[PDB]
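Quick one: structure below, then a few questions.
Complex shown without one protein chain; remaining protein chains in place.
Going by the order they are written in, the chains are A and B; count residues from 1 in each one.
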Amino acid sequence: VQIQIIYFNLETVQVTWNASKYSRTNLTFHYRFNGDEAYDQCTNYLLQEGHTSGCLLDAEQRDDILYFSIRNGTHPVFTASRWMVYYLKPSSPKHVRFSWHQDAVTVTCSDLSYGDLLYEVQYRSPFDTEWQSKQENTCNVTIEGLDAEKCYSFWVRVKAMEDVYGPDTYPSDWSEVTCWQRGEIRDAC
Amino acid sequence: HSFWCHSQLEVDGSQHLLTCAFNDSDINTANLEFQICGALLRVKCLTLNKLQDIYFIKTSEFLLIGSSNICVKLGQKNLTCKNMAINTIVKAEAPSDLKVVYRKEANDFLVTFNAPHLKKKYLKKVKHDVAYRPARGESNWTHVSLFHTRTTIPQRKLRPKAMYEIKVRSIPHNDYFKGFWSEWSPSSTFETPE
Partner (left out) sequence: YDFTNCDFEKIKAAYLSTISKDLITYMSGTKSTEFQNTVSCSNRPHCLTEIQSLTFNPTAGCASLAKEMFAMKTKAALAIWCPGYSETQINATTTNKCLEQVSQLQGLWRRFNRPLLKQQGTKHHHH
């Protein structure tokens, strides 16, 4: 049994599975949170090719250990217990704004309602071989020492801090790519 | 007998280095020893090893949490004792492998170097200071403050058909580990085009 867990923006927990042996069946998903001793069954199932393939739990911003089991009826096929935030995927940066000053730029965006996140800005000119990066605790990243005369491509994302959330989280998806030369927006680069 | 100390982390292993010396180098250090007590894992105290005019200890005993008393002793007599925390006297290691590549296409110079702290377990945030000036004659150095191991120098900022000298240093920037500027890296040189 191969499993995937995603805690979308501290809102929804999605546990998905795949198991070729149990293809001719609907495996059932049973869960509970710490202390709440009796298991409850999934009330929101994901299906694939007509059979159960995942579960959606409304987690409502809660930081707990989710204890779960997938069963071939009564017989448990897979059992695990994980801190849900370890599988956190923050949402994509919203309301991204750029303010230029000579050879510098300050990128701001809407901060999330939860802490210990890194708001990362990546950028490059056609002369750069790879993306350069600057990140901060809040969505107010200032990148000094650029060239007003060059075109720069930019994009932002939110990461969870490994010291707080652990190593297996997902970065958010990157926000829309924007191009800038001489403090004005552009089409291509 | 006033003195200074600096620590350096994860030097030749998981081991840390503590270095102390007198402010007055014209001092007869005959029979004067440095002892550090407190904030150690398995022992109460350690005695530093003398090498010419400096004292040092390479050890894994430092807890890196809390203050230690560093004493200048003559026999069992304490001449002067200072309380300090190993985590607040960190001297960053100097960057290395400084390289400059002229990019005609970009009309600039790409400066790169290696930051040793990035390979360490603790202290993974340092501030860099890149300094450059023409290799011939006297000039006030131009300084660039960076948090990464690369920067560019636009062609227009430099004099044409000239040789430049460039060097870099680092300092801890961390909310826990505090300390001192590293020594400067060895200097590299480059030539500017027409």
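In this text, a contact is a pair of C-beta atoms (placed from the backbone, for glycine too) under 8 Å apart; a residue touches a chain by one contact, two chains touch by 3 or more.
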| item | value |
| --- | --- |
| Chains shown that the absent chain touches, full complex | A, B |
| Omitted-chain contact residue, chosen from A:47, A:104 or A:164 | A:164 |
| Selected from A:22, A:100 or A:114 as touching the chain missing from the view | A:114 |
| Contact partner of the left-out chain, one of A:23, A:25, A:26 or A:34 | A:34 |
| Touch list for subunit B against the chain that is not drawn | 14, 39, 41, 60, 63-66, 87, 121-122, 174-177 |
| Residue numbers in subunit A that touch the chain omitted from display | 10, 33-36, 60-65, 80-83, 85-86, 114-116, 163-168 |
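The criterion applied here is as follows: only the chains that are shown with their structure count from here on.
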| item | value |
| --- | --- |
| Subunit A-touching residues of subunit B, taken from the complex the two chains share | 103, 105-106, 108, 144, 146-148, 150-152, 154 |
| Residue numbers on subunit A that touch subunit B, as the complex places them | 125, 127, 132-134, 145, 147, 150 |
